[PDB]
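Engineer: Please build the complete structure, drawing on both the sequences and the hints.
Below, each chain spelled out in residue letters.
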Amino acid sequence: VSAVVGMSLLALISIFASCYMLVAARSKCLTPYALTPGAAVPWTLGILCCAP
Amino acid sequence: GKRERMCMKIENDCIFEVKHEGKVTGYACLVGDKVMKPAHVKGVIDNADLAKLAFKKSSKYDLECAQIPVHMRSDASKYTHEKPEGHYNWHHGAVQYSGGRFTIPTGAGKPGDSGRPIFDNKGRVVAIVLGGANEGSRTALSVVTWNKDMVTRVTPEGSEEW
Amino acid sequence: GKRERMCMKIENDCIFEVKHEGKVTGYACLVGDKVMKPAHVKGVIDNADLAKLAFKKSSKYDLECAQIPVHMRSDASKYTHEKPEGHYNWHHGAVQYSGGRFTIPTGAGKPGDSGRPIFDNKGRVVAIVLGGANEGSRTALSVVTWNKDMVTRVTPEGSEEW
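Chains as they are written, first to last, in the authors' numbering: chain B, 700 to 751; chain A, 106 to 267; chain M, 106 to 267.
These are calculated hints, taken from the structure and not from any lab test. Beta carbons are placed, not taken as given, at the ideal position from N, Cα and C, and that holds for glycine. It cannot be assumed that every hint is accurate.
[Claimed, not checked] Keeping only pairs whose Cα atoms sit at most 20 Å apart, straight-line, the calculated EDC-like set for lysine to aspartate or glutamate is:
(1) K157(A) - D138(A)
(2) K727(B) - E266(A)
(3) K128(A) - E266(A)
(4) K139(M) - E122(M)
(5) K139(M) - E190(M)
(6) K253(M) - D151(M)
(7) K227(A) - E126(A)
(8) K128(M) - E266(M)
(9) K183(A) - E190(M)
(10) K147(M) - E122(M)
(11) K124(A) - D167(A)
(12) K227(A) - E190(M)
(13) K165(M) - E262(M)
(14) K727(B) - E169(A)
(15) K183(M) - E126(M)
(16) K183(A) - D138(M)
(17) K253(A) - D225(M)
(18) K253(A) - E187(A)
(19) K162(A) - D254(A)
(20) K727(B) - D254(A)
(21) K215(M) - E116(M)
[What the hints assert, rightly or not] Quick partial rundown of chain A residues pointing at chain M, CB under 7 Å, derived from the structure:
(22) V175
(23) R178
(24) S179
Structural biologist: See below:
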């Protein structure tokens with residue numbers, strides 16, 4: 700029981716950390732096109748990542 | 106002259122002021138379709154609706170921006186990105202763009218004045234002031250520009266945040 | 106003066122009206138070799154054989170267009186696609202093109218006045234009006250262009266259907 704609980708917790712923490720860090724990577728890559736006056740993200744990067 | 110008058114007229118409605126503990130500590134600008142305010146000044150914008158919307162903040166460029174509400178969109182600033190050699194107007198005296206750097210004569214910007222725009226000859230805003238550092242009898246500014254799409258930042262050594 | 110006379114001379118020959126319930130609900134234009142109209146306006150074209158022909162409709166670009174009957178081809182419209190910045194003519198007054206956007210002063214377009222073309226300095230057509238969003242002392246228009254061979258579409262935020 701202890702081993703199963705530990706394995707499940709480790710898997711969950713790994714998945715959560717990696718997903719949060721991928722979200723952060725996307726946010727940091729797409730952040731400087733959103734401060735430029737006017738202008739728009741390229742359609743290629745706009746379909747690769749969800750771009751507002 | 107009349108150019109000073111038109112600069113005054115544009116700054117009368119394109120620039121807003123931020124408030125903190127009963128003191129004015131920075132100004133925010135309305136460029137194109139974006140409201141911009143630099144991140145190193147803390148306070149509440151003295152306005153009834155600008156402070157009520159979410160702000161996209163980045164500490165790498167030391168700024169924060171938001172989408173301008175449509176009920177006051179008309180007070181734009183007619184952005185531009187050409188940066189040729191020469192002279193450029195400012196609220197506190199003319200500045201000069203030379204050698205890829207912005208220089209002003211010694212003491213013209215006090216701390217707490219961060220956030221003014223830098224206009225061109227035709228009345229278009231080209232950069233927003235962040236800081237400055239003095240050498241000799243001149244002060245080299247630290248601003249952020251809007252070349253092409255990327256908002257690059259340039260800062261000289263020993264700069265101080267106003 | 107003479108420019109206005111020439112504009113109305115073209116408009117009284119090329120611009121047609123659409124009727125519904127005995128009241129004017131829009132205008133259908135003729136450009137180059139195509140009769141075009143917006144899709145949101147519903148009514149009967151104020152002509153006999155214009156309505157007797159089959160249209161072709163699209164809702165992505167929000168319009169309908171069809172081929173020009175042979176004997177009305179002489180009354181042309183001299184389209185072009187060159188799109189510089191500045192001032193442009195319009196039956197309701199001058200319209201300013203800046204920042205990739207067309208803008209008219211305050212309130213000059215009532216609802217139901219869609220379909221009116223926007224002419225250029227030389228008397229050629231550049232865009233067909235569809236809608237507009239008001240703001241302050243101006244109003245941002247939403248029209249369709251003819252960039253190269255594709256008819257694109259630009260609608261500012263908060264556009265109000267006309």
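Engineer: Could you grab the alpha-carbon distance between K227(A) and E190(M) and see if it respects the 20 Å cut-off?
Structural biologist: Holds, at about 14 Å.
Engineer: Are the Cα positions of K727(B) and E169(A) separated by 20 Å at most?
Structural biologist: 14 Å, holds
Engineer: Does the structure keep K162(A) and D254(A) at a Cα separation of 20 Å or less?
Structural biologist: 18 Å, holds
Engineer: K253(A) and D225(M): Cα distance at most 20 Å?
Structural biologist: Violated - the C-alpha atoms of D225(M) and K253(A) are around 29 Å apart, more than 20 Å.
Engineer: Check the hint pairing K227(A) with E126(A) against an upper bound of 20 Å on the C-alpha distance.
Structural biologist: 38 Å, violated
Engineer: May I ask you to test the interface hint for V175(A) with respect to chain M, counting a Cβ-Cβ separation under 7 Å as satisfied?
Structural biologist: 5 Å, holds
Engineer: So if I understand the rule, the pair passes when the alpha-carbon distance is 20 Å or less; does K253(M) with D151(M) pass?
Structural biologist: Given that 20 Å is the threshold and the Cα spacing comes to 31 Å, the pair is violated.
Engineer: Mind checking the alpha carbons of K183(A) and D138(M) for me, to see if they're no more than 20 Å apart?
Structural biologist: 37 Å, violated
Engineer: Under the criterion of a CB-CB separation shorter than 7 Å, is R178(A) in contact with chain M as hinted?
Structural biologist: 5 Å, holds
Engineer: Within 20 Å, alpha carbon to alpha carbon, are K165(M) and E262(M)?
Structural biologist: Holds - the C-alpha atoms of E262(M) and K165(M) are around 17 Å apart, at most 20 Å.
Engineer: Do the alpha carbons of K183(A) and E190(M) lie within 20 Å of each other, as the hint requires?
Structural biologist: With a Cα-Cα distance of about 13 Å, the restraint between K183(A) and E190(M) holds, given a limit of 20 Å.
Engineer: Go through the hint on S179(A) and say holds or violated, using the shortest Cβ distance to chain M against 7 Å.
Structural biologist: At 3 Å from the nearest chain M Cβ, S179(A) passes the 7 Å test, so the hint holds.
Consistency note: the structure conflicts with the earlier hints numbered 2, 5, 6, 7, 15, 16 and 17.
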